[PDB]
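Notes follow once the structure below has been shown.
Removed from the display is one protein chain of the complex; every other protein chain stays in position.
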Amino acid sequence: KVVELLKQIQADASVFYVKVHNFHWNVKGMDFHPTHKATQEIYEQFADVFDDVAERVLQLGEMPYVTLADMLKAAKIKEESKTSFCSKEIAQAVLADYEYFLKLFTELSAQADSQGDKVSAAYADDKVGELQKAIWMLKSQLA
Amino acid sequence: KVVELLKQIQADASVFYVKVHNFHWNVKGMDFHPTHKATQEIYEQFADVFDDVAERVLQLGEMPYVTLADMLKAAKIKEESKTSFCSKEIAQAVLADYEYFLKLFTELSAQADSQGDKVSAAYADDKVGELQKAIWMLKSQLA
Amino acid sequence: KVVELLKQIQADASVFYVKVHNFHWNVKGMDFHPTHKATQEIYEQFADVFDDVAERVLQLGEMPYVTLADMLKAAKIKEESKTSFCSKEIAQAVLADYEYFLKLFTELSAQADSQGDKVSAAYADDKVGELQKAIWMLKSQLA
Amino acid sequence: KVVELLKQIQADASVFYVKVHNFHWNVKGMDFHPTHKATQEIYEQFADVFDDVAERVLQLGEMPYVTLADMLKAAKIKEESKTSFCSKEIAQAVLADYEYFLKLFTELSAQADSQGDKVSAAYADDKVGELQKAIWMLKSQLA
Amino acid sequence: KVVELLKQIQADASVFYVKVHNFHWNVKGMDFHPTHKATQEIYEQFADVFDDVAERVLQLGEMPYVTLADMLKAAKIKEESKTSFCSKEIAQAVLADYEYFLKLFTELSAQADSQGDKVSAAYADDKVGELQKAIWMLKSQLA
Amino acid sequence: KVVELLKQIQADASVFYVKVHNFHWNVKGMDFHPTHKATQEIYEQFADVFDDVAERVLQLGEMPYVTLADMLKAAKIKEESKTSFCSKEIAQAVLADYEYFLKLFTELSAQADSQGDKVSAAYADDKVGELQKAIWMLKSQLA
Amino acid sequence: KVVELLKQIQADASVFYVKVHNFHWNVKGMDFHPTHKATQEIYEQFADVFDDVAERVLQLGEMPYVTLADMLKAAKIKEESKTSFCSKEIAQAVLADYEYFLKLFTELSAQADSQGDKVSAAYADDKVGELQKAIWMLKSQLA
Amino acid sequence: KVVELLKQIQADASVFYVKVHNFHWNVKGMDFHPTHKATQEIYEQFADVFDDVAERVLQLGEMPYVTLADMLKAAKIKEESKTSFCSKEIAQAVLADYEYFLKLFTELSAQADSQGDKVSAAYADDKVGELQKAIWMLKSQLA
Amino acid sequence: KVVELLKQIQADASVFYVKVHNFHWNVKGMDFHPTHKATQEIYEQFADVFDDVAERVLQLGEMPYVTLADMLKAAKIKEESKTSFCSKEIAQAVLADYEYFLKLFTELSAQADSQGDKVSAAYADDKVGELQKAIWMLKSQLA
Amino acid sequence: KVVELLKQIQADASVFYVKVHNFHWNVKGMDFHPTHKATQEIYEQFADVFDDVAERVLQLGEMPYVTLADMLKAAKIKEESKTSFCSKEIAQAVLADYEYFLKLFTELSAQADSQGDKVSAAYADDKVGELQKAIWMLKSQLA
Amino acid sequence: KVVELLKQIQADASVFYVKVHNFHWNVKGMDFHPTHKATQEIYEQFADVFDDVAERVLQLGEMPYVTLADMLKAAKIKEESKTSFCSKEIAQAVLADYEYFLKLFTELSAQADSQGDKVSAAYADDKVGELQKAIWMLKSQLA
Partner (left out) sequence: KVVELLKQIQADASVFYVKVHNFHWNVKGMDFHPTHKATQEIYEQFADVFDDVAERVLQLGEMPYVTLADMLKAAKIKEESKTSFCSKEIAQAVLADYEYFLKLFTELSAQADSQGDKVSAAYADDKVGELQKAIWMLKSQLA
């Protein structure tokens, strides 16, 4: 269902938001500043995903998550408790999460288009395009 | 301790951040728009408290929270699971949490100044003043 | 026909454009300024719908309406002769016309896609999303 | 009467506003782009005259027209059913209507100064100068 | 005399300037923020009226008031000594003072044109229109 | 005739335009830079009356001057063949010419209002006001 | 395949990019400035098509063209060896090339949607809409 | 008491606010324009002190002055009834009043810090520093 | 001599400045607005050549012209007494004068480099380049 | 010949423009992002060189290349057929191409000054300096 | 005395200012560009420190250093006579000097508060926080 897929993204966005803050704070090594800058941009864009996806559930007449307790249980992304990272561990860590979200937004688009919900479908397709490009930049950067 | 007071603000900030999104999404009534805008300014300003205090913990040579699991357990702020709000009851809920944060930052200033950490105290004093101004506006609006 | 749906939207837009000027001028009560501001943004956005929809008719090789007499006869939105309004009256009036526009744009999108006209469908899908969002906000404000 | 003249300008502006969209959409020939841009600048200026005179009627304590049906009966300016124009027709059509608006605004200034309504006369004199300038520019372009 | 009207407007501006600060500080109730923000706009506009009229007296060759003691003695606007207001009280008080200013500026325009001082008359006609627009909005807001 | 008054201003503007350049280039003494900056502002503003005044003559259906030979003959402003100036000499010179233009714009406004030419008169009343303010400031500076 | 259509657009874009520079340099006649300004915006837009289209090939895991030699052998758009043009046959030339790109992007969208590549299709639908708008405007100018 | 120091600053600010207007209007001599611009920025900055200090009293739970009658009787800054000044007397008058304000803000910082009111003390320390910078600059200019 | 050439450039600039105003006011035909706006930019750029050249003569330790009487007798550009122009004739008039200024500036550069005056030569070389670009564009539009 | 050197730079710029696109797309390794940004700006300055030199050829009365077939025949920059690069590789490749362009522009400057074509020499001297700065920075980066 | 400590900071600031220019010019290695940009911001911010401290000395009624000869003597920042550095080397040098400025600013704050000079202490505390944040970032980059 379109709504249930939206709430999965919502719960995963809020966990990824914090996970990316940890990368932002605890990155080590010579390119500390560029990764410090980039991670901050990532969690700001997923703060926007967090809000948009939730408000879209509201426009569709349902209830998004409103507690971190429920978002933690619902989330399929794993929290990161370690507190020191080099730049390429973070690129690898973010790349895997991008591929999970890409699968998630690809399903939302296919499912919304089958229900004739082209608005939810259009939103997913733009995020699909944004992720495919970021993914290709990371696989090139880790090459 | 300065660090353990900062980490409390950190945990409560992240819970307050989500609670205010719920007010943002689920406010009803004639004053839907100003409340929808005010709440958004608030969670953007507490996203900044969340990051500032965490990095200040980092500059003092200790570790902040890096997982939502730890932040929920540490947060004294109560999550709000109900999902429909009148405007006045958002002003009251927000006023009460502001008074909790005000008490926390005032102790942070007193504790940091004890220890000669005037930087942490200066930061806390700014938020004390910002909270005192906002708390006084809410009291006038609810009067 | 895609063109007939576009031209219906054009005629209803031009009638809605004037009606909202009336709400803009004749709102009474303590919410005068917020309503006076919001109505003006509404008619400026429908001035743009009026113009976009007309030239899309021309890019498809047909003629849009060019006279007020033809648009008044074709419009299903009805004019408002009352010259004094309460603020919740205006929100209710605007909510109803939006749902009419939402249905008009959904049919334009569905019909345009069925003919392989993905450009017209894409334009309509943008307006469906904007109308779905505003309707949720208007329903929340009257709740 | 000042209000009668203002409400006459109101109706004729609404008719001219749509007529200039027709010129805007259906100009043909080599000077298409400059004419396409000039016509759009003209209907945006008359959207502003439309709102200004209507609001001026209200601050003088009376009611302007609020329906397109009422403005078409009051409008002295002919609607235009033709659907294709060369660039010199449009400059001729616009010049003819500008001279009509000039007489109308000159009468408003004279009547308003009779009644000691100097703010209404001042607004009218500003539009008289704007019309006298554009009229002189159109005569040079047609010379 | 033109300068006596300017100096009277000058004195009444200075008292109204402080009075509006009192409304700005002590408004209570749910419409706190819009009134808090409108009142500040108002007292900055009368700060500029205070300076404009004073400097115009100087261009006409006499002296404006230069002490608060004389401004209180000369003013006809009355000071507000209570320290708590709801939003509708403030609106009714500003409307009453605006109508007083509108007569002062209308008389200034009338007298200045009778003497051939068209510059002073034009300045007053500008303030007359601003008051007439603001008055209409307040009457609508209290309706 | 308003035209003959306008063209007189035209001729005097262009002569004063060059005279002010001489003050700009050849000011001596410690106030070099404020006077150097002020004279440039002055001649840029009179380049503007030069063009505005000619275009109005054209909108009234007559011809302005089109050669320096004709303007130099028509001009009453005297040219300055001295090539070195003290800062107060410049202030004195500008003040004398400003009172000449003020007389000219007052007579232009008086005459245009006699014939019902409110546009030309409104243009002149603004220049009367700008000169009265500038004249006052110059008198204070030389006082 | 989507990729081989994307790469075809890439090759034709680079030839069209240089062809429009030739028009940009060698247009003659009284309309020199607008077409000179117009062509520069066209080749700046196809530089952007050139880069967008190639990067999408990479996000799809393939290689775009990387040499001018390969793109020349692949482009179907004809090079222009003539070295002097009037304004109308530049418009006819751009109109003909726009209709070729339009078919290409329409094919690209149809193939992308067939395979479930909604991102590539969304990009193509944008270019289809922009070409349809420009084609309509070119036909009006050549009418 | 901190509020008693705040309310004294408020009363003296409003009196000083007007006195500087008198300096602004009636400065004579060669340095007219720099002093005119300087006094305007001084009185606009004390208008801001006036409002800040008053709002601080309200956040501390007390009432500031709300009438010019009370502020005149509380003020210690003497009003200036003279209407003509050279530039150097204005600098002397402003220098004397600045050291009076400096002593007031210094006492305010001392009392607020002794009572643990770090917020009002921080505000006072900022004005103390700004007054010291302005005091030093004025002493150099009068040297 | 460099000063000789600079003062000749000075005199011809001031006459051309007014001539281009005549073209600006008195162009007729369907290209009125492009020619109206283009001619204005020309005279604003020569107003600056006028000032640059005069100030450079001053830096070289001699005196520029300071009266229109002196510049009129020195100028070689001829004044234009006709008061009605077609677009093509304005272009040809401007092209002929541009080739004169180009000559003049090429002689200034060559002469300045002889005596080692690289600054004057560098300014001249920039004007040579700007005129060569403009001359080629004018020849293309006249082809 | 100045023109033959300009046309050579033109032909090499067009090949270098594409080569740098290949570097832009296919850079791999840790330093993916900065190189992706750097290569894109590089090709944007050479798009500007491409247009400037061609327009300078036209100002000299000769014809630039207008065909990709002729430019690749004339170009001496080797095309790059590889599709995978680390950042150091790209730096060494660009450095070699910069040193070639540097000899082209120094020879261009030397020839133009020989013939008295100081405009072409100054354009070349600016490009020589820009290349010398970038060459120094690349040698520093490869050190 | 706070003044000696301000003057020590002044002398070290000017020596640090030049040393950072040296790092700015002579960094080598694949990380030239980020370091070149970062060093330029450091020396511009220490130019601001150089000026603030000197002006703070003067407001305290003392004299700062005014010659490089005296500042070289007093400075404890060591000059660097090497002309080639890798990036890690520069970060080490900058981190060591930042801990020196941090110590230096901490004593300034403590001693200024001892004398009730809260203005000097507040300025120093701002610098302590800026240095603590930058030091944390440099330690992470060298980690």
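Read from first to last, the chains carry the letters A, B, C, D, E, F, G, H, I, J and K; within each, the first residue is number 1.
The criterion applied here is as follows: a residue touches a chain if its C-beta (ideal position, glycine included) is under 8 Å from a C-beta of that chain, and two chains touch if they have at least 3 such contacts.
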From the list K:3, K:18 or K:110, which touches the chain that is not on show? K:18
Options J:38, J:42 or J:122, residue touching the unrepresented chain: J:122
Missing-chain contacts on chain F, rising order, are 27-30, 32-34, 36
Where the missing chain touches chain I, by residue: 55, 58-59, 116, 118-119, 122-123
On chain J, residues whose C-beta touches the chain left out of the figure: 109-110, 121-122, 125-126, 128-129, 132-133, 135-136
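Just so we're on the same page, only the chains that are shown with their structure count from here on.
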Identify which chain pair among A-J, F-I or C-G reproduces the interface of B-K, meaning that over half of its contact pairs, matched by residue number, are the same. C-G
Counting only Cα atoms for the centres, state how far chain F is from chain K in Å. 55
For chain E and chain G, let me know how many angstrom lie between their CA-based centres, rounded off. 62
Separation of mean Cα positions, chain H and chain A [Å, integer]: 53
Chain F residues counted as touching two or more neighbouring chains: 55, 58, 122
